[PDB]
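S.K.: Modelling step: build the complete structure from the supplied sequences, incorporating the hints.
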Amino acid sequence: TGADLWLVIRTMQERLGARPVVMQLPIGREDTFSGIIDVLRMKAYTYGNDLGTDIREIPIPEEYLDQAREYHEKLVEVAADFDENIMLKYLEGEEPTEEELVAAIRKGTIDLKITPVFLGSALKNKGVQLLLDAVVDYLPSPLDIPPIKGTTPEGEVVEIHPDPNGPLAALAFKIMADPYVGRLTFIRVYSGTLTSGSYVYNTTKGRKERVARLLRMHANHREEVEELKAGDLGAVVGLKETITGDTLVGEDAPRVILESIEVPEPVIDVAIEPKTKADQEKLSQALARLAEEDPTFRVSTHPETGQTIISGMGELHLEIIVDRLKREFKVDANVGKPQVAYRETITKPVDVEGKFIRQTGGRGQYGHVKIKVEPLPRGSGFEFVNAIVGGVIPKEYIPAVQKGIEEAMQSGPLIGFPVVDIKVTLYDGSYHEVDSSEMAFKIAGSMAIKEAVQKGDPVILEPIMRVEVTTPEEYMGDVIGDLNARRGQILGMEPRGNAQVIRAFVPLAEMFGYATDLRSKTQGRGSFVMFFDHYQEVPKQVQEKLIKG
Amino acid sequence: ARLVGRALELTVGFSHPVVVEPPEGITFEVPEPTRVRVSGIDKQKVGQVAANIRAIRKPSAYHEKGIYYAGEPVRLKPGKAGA
Amino acid sequence: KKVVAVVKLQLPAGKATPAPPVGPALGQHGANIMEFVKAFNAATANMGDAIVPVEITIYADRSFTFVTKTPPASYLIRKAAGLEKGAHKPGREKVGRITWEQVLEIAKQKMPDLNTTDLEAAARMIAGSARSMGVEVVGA
Amino acid sequence: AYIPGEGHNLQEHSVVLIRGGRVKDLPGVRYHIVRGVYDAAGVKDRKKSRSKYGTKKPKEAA
Amino acid sequence: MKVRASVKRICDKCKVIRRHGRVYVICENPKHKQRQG
RNA sequence: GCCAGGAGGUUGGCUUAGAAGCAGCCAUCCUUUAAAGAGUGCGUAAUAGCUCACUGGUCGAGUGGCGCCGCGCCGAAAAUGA
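Protein chains in written order, with PDB author numbering: chain AY, 142 to 690; chain BH, 96 to 178; chain BK, 2 to 141; chain AL, 68 to 129; chain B9, 1 to 37.
Read the hints as simulated data drawn from the structure, not as lab findings.
Certain hints may be false.
[Claimed, not checked] DSS-like mimics (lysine-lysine), calculated; alpha carbons at most 27 angstroms apart, straight line:
id	chain 1	residue 1	chain 2	residue 2
1	AY	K511	AY	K564
2	BH	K175	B9	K8
3	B9	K31	BH	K153
4	BH	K160	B9	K8
5	AY	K662	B9	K8
M.R.: Written out as structure tokens, the structure reads:
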């Protein structure tokens, strides 16, 4: 129930903009099915049963006929946006020769113009042979597929011909496992003949390759072939290096390369922390055969926190990845939430006394540093001034007293992380010929900085990303809702074409795995891009709640 | 909504056909399957059976789908609002 | 085919885009709003800008027609009484001052718009709308 | 495991090709890296030690 | 709301209807569905 | 109760990514009118719309609001059987 025509049709030019000319019409809506009519060749192939053991093709049962007839007319009428014969023929009211249909229609079909809607039902084997015939009639041969793009062994354009005498030049795709013929590469050549038992050579990372046996997955059993032709398709054994998307020419064959540069860009970011880091490198071997059988994902550690991160382009994707892990790799890794790099700063001018009045066994290393410290905008940078009130602190502390300002600014006072985006300054000090080393005033700077940042108005500058919601208006309003509900704030709404994209502030702590969320609120109308901006405060209470140990 | 002989065999969201039977004092009558008609000769026991079928398969279920007198459906967010 | 759909909007002078809901109203039109953009900007060459009302239409065989109108009185007061963005809040701060002639042109310009297509009401009318935007007045 | 010098990436895998040779640096410097391997492939633009420092054959195509 | 000793007419579209003995506060939205209990 | 007008400066100004009677601060109009407010509530991403307000058509007799006092009602659950 729900099996229809106008449904699908409407949906086509209402969800993309196609041109759904169809060529077959049903005999009985839901349960009441018995076969199809064909406004193409003007015939009514009808299947008198589900299994399809005894089918037929009698004319219209009485009520249809005229119905499909107008659509037949439509067919020829639409064919007026192509040649010259058909158009003028409908003008004449002349009958289309049964094969100019095959013409003008396969014309538009392969020309990406018309939408040869053939249809049917699977379980009740109906509406089948009509579309197999429709394959053998309207589905494009490699003769009609235009010059395939690519690069040279030098650097320009390419012309990959269907030529079964042309230079061996191929592509390959899938990396199959196998017991007997092991590593199996599923390939579609392009231009160039290849022998069973000869050689080849990878035209990517360069590797002379032995071709063992060309093969064709013939439905049930697999069929071993003598050769692969220029344009034909098949899978080969050997190629003990060939990965995926590799361009493969022969041993010679002007070492040409294929264009095809696709992208499995990151959209998911889930963390993973195995129990003890012994299981970890072990699972780096797990990944060693995970990242080497399935490209896609990116296994990138974070810098400002340990724990390798699993990034990728799919929710359930990453998840059944994790399943395969807890299946044939058995790892104990309490799948963690992604951590955050937290910088920090202040908002006040504090004057302090970095006085190191300490005369050890004579050498001291005493350093009285009088600094003024000033704070400025989050995004500015690090400042300091060559500020001597008159001529106090030696010119050998100048690039090394401020070190202890920098040095003691990798470890913040709170939970302790790099305190950034601040000015600083200085102003005075005290100096003594022997009783003072470079590092003495470096550490005077350490003391100075610690007191002047502990007592200086603490804060935490957690990072915040910009994000481009790529989606239409409906779910746009919806997601603007969500994003407000994600602690941050938006700030961008430029009306695009088939979409309307929203530039959005969202707080990196929040916005965790937002695709999973997004991929729902819009059902599926695209997504966004990770466009990181800058950092700002966590609204008071989130700062102290995080004060742990 | 079908009507065979005396009984009405409507088929709603339920996994089985709904089988009602016009009792003493009133008559139903199903013109087309998309809308049942009820000639009720008893204003009291009438709306009781209207409500019988309405409450047999209640409509509006968040988005839509069900049995409406004609009372304009109040919506609520469909594939959403369940975190 | 699409028969008669007159849809009018509020496109200011400078935006050369069919941005929604200009699409789902003038798409069922086949709108030469691009022609509205390059024949109305020059029509008001005296400033070539300001927010101006419009009216576009379709006649079966895809036939367009734009109909333009006049600038608004809060912009047509900002240019006059020397306001920048405004006199921040109508109950506190004031910039310029409206006398017995600036008001005259405020009504003159916008004669065929306000409400009453009559002069002897319009002046005082927007002179009150003046206080709604936050501009003081010299009274004589 | 060390490295053959300037021009790095290496992150966390690389298949750093355990090689051999200590110095007065890092209490170890034993079993060096190679650049080329599964990763690194030498200095972005190197004109000499291309026998480990990656870069193929500086064809400036001119 | 929904069942509490302090029943209000909240959004004016609600009524107090002393049905079946005790007080309810009915409207359109069943979210306002108080009760004197 | 029912039919219907339910307006124009306008998107008040201030804000603000936008705040359009309608998230928030000040405000604290004036006009076409019989009557329509710088707005009561829903709704929107903000507009849109729905909407009250207000006023006539119908109508034909009583209504809308606030306080007080008497008795109640909810408030009001525990252990063997009342």
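S.K.: So which of the earlier hints does this model not fit?
M.R.: When the structure is compared with the hints, numbers 2, 4, 5 turn out to be violated.
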